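Quick setup: one chain, the form deposited without the named molecule, written in structure tokens, and binding and motion questions come after.
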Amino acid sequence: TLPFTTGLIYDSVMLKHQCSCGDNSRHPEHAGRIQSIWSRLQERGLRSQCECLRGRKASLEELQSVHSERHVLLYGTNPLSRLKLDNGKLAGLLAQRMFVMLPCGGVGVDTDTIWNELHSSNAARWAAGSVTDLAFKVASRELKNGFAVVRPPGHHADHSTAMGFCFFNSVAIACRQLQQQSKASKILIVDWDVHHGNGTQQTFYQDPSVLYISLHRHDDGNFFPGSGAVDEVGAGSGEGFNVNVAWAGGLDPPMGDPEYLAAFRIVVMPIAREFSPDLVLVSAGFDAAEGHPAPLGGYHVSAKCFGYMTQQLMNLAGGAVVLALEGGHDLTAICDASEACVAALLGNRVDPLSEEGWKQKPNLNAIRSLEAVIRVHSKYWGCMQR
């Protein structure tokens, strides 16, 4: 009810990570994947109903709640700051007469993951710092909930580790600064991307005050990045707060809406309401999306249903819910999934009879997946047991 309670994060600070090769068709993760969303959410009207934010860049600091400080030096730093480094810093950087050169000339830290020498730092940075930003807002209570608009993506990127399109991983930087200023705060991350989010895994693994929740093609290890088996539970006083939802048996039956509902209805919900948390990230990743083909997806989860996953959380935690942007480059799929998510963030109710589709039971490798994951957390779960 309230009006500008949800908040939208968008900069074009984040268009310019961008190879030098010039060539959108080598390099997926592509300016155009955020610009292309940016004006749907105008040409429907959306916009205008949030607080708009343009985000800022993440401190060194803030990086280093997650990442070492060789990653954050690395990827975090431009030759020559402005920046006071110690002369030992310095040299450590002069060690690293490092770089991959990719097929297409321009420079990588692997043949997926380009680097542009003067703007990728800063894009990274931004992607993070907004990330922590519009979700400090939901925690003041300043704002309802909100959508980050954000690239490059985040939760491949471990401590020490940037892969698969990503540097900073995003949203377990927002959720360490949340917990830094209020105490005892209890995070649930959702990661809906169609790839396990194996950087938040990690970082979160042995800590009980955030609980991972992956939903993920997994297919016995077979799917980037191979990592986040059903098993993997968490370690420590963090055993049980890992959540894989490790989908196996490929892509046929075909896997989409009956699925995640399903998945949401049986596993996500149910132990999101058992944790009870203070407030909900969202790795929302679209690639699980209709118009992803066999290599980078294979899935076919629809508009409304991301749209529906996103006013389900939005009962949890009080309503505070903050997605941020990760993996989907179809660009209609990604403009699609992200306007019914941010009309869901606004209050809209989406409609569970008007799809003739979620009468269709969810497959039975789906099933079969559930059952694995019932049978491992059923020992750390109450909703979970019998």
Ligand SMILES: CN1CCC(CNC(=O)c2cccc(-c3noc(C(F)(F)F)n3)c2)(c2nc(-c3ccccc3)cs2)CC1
Contents of the next structure:
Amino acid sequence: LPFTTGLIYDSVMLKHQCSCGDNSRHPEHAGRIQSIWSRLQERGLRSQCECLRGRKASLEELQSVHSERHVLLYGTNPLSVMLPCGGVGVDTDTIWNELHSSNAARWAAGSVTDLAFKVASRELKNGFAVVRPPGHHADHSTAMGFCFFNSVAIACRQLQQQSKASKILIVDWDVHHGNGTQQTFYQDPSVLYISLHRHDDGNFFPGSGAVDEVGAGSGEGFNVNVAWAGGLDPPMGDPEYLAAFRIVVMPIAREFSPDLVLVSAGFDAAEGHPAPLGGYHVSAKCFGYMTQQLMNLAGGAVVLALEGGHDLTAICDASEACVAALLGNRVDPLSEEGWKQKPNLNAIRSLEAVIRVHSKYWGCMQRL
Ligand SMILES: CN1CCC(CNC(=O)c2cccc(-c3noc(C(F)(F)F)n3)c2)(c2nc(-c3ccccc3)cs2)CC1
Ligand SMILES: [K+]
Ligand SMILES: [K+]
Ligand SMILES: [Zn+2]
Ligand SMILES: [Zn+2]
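Could you please show the structure of the form solved in complex with the named molecule, as a counterpart to the form deposited without the named molecule just displayed?
To see the whole picture, the full complex is given below, headed by that same chain.
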């Protein structure tokens, strides 16, 4: 393998679909990764990477994060809940194809893990995993919010257990809180979880991720929720997310000083997601710039994994900008008016609350 960025993709993950067929009623659809994949080729980025198929996560790998009941239920074939549309699912949004969902879920976990390992060995510089279904809502014994196995969490646990990375930063910029990821690593100080999400007083899915939630035991202070409050007006976008990176994410990340960075890279904070899917206005350029900023950490050992994002062009724009950043292309911050705008008052109060809480734990948060 050459020292460039790696891309993970495989058609096996397309097969995760409800039997009723309707991609509108079930918006977490195959087209999401399919369109990103062809977009990377159309724009000439795909051929510059090393393209990898990935693999099934083993039952053992799944059990490093999930319970035995959970893994039997979603990880294995029966032989070895009803929905309004007639298909089967765990709940109304989280569907279950009785032939393919388990396979596709295990592939997503397995492939994010395989990519992280290749990056951790410096066999690959960095990587982007174009996977579905998403993972960050799946917790120890609950599939929910379109998620079955927490691929990023499973990848992180394996890197640790195989001794391939001492300290791991997990950044989650999907607009929803990664409740699963927070839970798994809540008491482990060798994993730093930083989420930027729409919180709005706990009235936005999943409802978790309050600024107060800092971790526990040895892991106190190693869970950082940039929980945006105040709602959609004034608009939430680049000024606020750039501000979050300048003030919270990067300084804490640098103080932590990880050996590898994992990114739960959802693109549902992007333009084209209305309320109540997202309602935020983060541009593709900003996503690629955030990737570029995370590439300064951990000797450039960075792995992104697709979580959420529905609007096809928006998630294609963003994914394109992240891969370009991974390949070394740089974003000039002076090339965009609007990045000159101060962040809105809701974002400033949100960050102010994050700083008040985490000044107990981090020197870079301890002001006068
Ligand atoms: C149809 N009806 C009204 C529209 C509906 C609203 N969604 C939610 O309320 C909702 C609830 C739980 C979880 C999530 C969610 N969004 O991203 C993620 C992920 F895990 F990050 F990928 N989870 C979203 C939509 N969901 C999506 C969607 C598309 C791709 C991935 C996830 C959700 C588009 S519209 C679902 C229920
Ligand atoms: K998040
Ligand atoms: K932690
Ligand atoms: Zn259906
Ligand atoms: Zn999301």
